[PDB]
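Single chain ahead, by itself, as structure tokens, in the form deposited without the named molecule.
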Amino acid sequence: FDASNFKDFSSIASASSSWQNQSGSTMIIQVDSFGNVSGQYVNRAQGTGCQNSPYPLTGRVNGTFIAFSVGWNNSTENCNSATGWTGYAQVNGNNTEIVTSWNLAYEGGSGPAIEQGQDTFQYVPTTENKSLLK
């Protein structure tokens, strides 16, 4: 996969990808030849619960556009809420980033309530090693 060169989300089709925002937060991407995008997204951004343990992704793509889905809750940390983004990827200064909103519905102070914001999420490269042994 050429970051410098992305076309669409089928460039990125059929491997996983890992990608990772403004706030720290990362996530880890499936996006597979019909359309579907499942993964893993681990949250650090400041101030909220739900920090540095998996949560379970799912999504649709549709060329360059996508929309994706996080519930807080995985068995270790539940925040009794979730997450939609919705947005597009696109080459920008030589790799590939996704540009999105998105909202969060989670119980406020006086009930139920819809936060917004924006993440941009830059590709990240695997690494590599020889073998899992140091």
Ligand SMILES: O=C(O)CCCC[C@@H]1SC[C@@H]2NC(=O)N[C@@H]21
Contents of the next structure:
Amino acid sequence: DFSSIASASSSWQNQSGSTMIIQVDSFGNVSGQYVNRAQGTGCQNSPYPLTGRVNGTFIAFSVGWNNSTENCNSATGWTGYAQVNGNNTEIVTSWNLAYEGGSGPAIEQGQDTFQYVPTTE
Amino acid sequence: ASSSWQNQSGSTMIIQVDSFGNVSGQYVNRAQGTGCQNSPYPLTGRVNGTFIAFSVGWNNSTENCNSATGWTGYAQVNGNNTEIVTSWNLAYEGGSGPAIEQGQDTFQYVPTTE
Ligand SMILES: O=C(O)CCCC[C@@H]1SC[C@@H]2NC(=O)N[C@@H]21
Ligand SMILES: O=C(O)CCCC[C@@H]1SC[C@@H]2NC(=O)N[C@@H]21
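Since the one above is the form deposited without the named molecule, can you give the form solved in complex with the named molecule too?
Zooming out: every chain and molecule, the one shown earlier first.
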């Protein structure tokens, strides 16, 4: 359960190198900070707030791509589930990125799997 | 600040945008064939200019669908109409195990809930 995650910060990285730090409360809110490091994308290396909801093993969270350091005129939402892989827990997700193309507004699809990262010294 | 929306499926939401770009409200699901219909669910999200993403976990203690959905899109001003064009994913327990369904919703701006 994402309850296991409650009342503590926990960190998570995806295969494109992005990290998020997330707080899950007992009310099922998700708060955190999202550092994007995926190539081909604006808004990298700078923390973006994030908010979402957890229900048991499922989660969905949201980021708007403005934090005052960089604005990419866009937003992303992710939806997925926690699962145990080997003996790591990860979060499997599909995501959409809504942004301003030059042909017009577009919405790009993709997938991201986040691995739990324990705190390091 | 506060506004109501209905999508092609008859589903309804109310959203407040605060001074930090947070979205808050509730979502009432009316899409045929789905769980968790006709019952308020918490909604949270973020906005950025004309773009937005929001999230719901389908759990309220009246009905838990073991389930969560995220939407991402943009508002556009279609004359008298304002719309939110979205794509969504719904992650849920399927028969094989956990799974993720894709779909799309256009939300029409509701002036005064008719
Ligand atoms: O380029 C932008 O408009 C904002 C950054 C985009 C980041 C996307 S969102 C989904 C995918 N997962 C990531 O960690 N980064 C990309
Ligand atoms: O059946 C469930 O697991 C909960 C109901 C989910 C309703 C989906 S979410 C996306 C689409 N838009 C809606 O207003 N309803 C469906």
